[PDB]
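Participant: Listed below, chain by chain, are the residues.
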Amino acid sequence: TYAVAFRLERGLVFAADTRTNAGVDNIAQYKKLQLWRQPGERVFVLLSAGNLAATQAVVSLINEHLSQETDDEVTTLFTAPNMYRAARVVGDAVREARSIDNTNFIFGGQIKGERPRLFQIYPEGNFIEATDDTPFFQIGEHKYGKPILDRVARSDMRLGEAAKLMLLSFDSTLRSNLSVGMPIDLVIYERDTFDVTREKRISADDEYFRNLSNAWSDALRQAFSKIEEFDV
Amino acid sequence: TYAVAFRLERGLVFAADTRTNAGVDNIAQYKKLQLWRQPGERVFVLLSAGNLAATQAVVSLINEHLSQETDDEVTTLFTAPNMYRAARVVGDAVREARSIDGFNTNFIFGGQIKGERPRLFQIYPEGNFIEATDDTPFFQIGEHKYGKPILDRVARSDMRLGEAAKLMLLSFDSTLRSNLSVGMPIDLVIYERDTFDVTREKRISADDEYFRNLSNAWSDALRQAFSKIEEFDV
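Protein sequences appear in the order of chains P and X.
Here the numbering used here is used: the first residue of the first sequence is 4, the next is one more, and so on.
Here the numbering used here is used: the first residue of the second sequence is 5, the next is one more, and so on.
Some chain P residues close to chain X (C-beta under 10 Å, calculated; not the full set):
{"hint": "1", "residue": "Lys167"}
{"hint": "2", "residue": "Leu215"}
{"hint": "3", "residue": "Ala222"}
{"hint": "4", "residue": "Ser228"}
{"hint": "5", "residue": "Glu231"}
The calculated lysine-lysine pairs, modelled on BS3-like cross-linking and capped at a C-alpha distance of 25 Å, are:
{"hint": "6", "chain 1": "X", "residue 1": "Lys232", "chain 2": "P", "residue 2": "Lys203"}
{"hint": "7", "chain 1": "P", "residue 1": "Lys34", "chain 2": "P", "residue 2": "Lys167"}
{"hint": "8", "chain 1": "X", "residue 1": "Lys206", "chain 2": "P", "residue 2": "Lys229"}
{"hint": "9", "chain 1": "P", "residue 1": "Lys203", "chain 2": "P", "residue 2": "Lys34"}
{"hint": "10", "chain 1": "P", "residue 1": "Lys203", "chain 2": "P", "residue 2": "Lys167"}
{"hint": "11", "chain 1": "X", "residue 1": "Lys232", "chain 2": "P", "residue 2": "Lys167"}
{"hint": "12", "chain 1": "X", "residue 1": "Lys206", "chain 2": "X", "residue 2": "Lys35"}
{"hint": "13", "chain 1": "P", "residue 1": "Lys229", "chain 2": "X", "residue 2": "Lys232"}
Bear in mind the hints are in silico, worked out from the structure with no lab data behind them.
For every residue, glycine included, the Cβ atom is placed at its ideal position computed from N, Cα and C.
Can you build the whole structure from these sequences, using the hints too?
Facilitator: Written as structure tokens, this is what we have:
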């Protein structure tokens, strides 16, 4: 399990792998990048990590509260005024699941009236917003991929440029840890569009990611061979 | 807390940071690399991660048993026939630490005794251990996660001792930037095969010229390599 998302000037980008520790012994493929949309008004993307039962409980409880009543009983994703209050709908859904009987999320999107805003939800219920200083979040097996993010990330990056960095974060994680595994569900979002046309599943057979990994490997192999060792 | 060691054809390489935590609030420098010597006969090196009180308890018990030499049938580091037995002597000291009195000791013990080749091990909290092979020529303890990718990319069993040392310092470079628990200085030790003495030993300080040149050169190489990557667009 590993997911990453960026907050930029041009908009938001999201990414998450599919491999999970579902069974006690077995491992299975499950899509973690959830999506909600009302074209014109608003867009939401929810990346998820941790326990799959508790993850799917929060996703199911969000979809239940939307579809149950036309009459406004409580604040839902579509009925919330701004993204801070939209994050609270996800936060209360985590509290609801724990009440009913280690889930970390990355909730992000945009509502008309304000800019795109990215958040990270903790297991307790509370959350934090992304800023230009630290323009991304991670959940699940984050430590393998963080080194390259800390070096080259920037809030002024382009949307496709951040997708290189985010996918290179997976490339480090995939070789080391076997908990993370392809395919990867990536979703780019442009500012003030309110529509999720830009989306792709990147499988193991994919040739862009093959060229990405080999070109990056060659660069690190070439750069490492030039490093002097006579001074130690 | 982070340490790493390589087993190669030409010998062994050991490296470990100094930054630990004494209490919940306090943090300070403590050297993790310990070594015992009997020039000509045998050499040992012990990297030590986890709890400091438990770490020092194992190091103290090993030094204590060495200091006895009085009517003893127990096996020490200097009295053990081969390195597997020498590794289990360190394992017995971990078991003795648990008995005497949370607990999460984790070591990388390696070296050579005359008669056989250099052998590298990783000691676990409970007492048992595993040996390094040609397939997996290194071990890690403490904050291993950040520096593991660069090791997995270019680590080989047939590398040079200096080639491993520069790779291990790049593993630190990735960890140091992305985590504050791991911190400089770093203590490097290179052991050559069948030399039976730790001649090559160096502390890499925070203001070291080689490491800052290594880090900035590597940082530029990664940024230059990133700009030549193809644009994702869909």
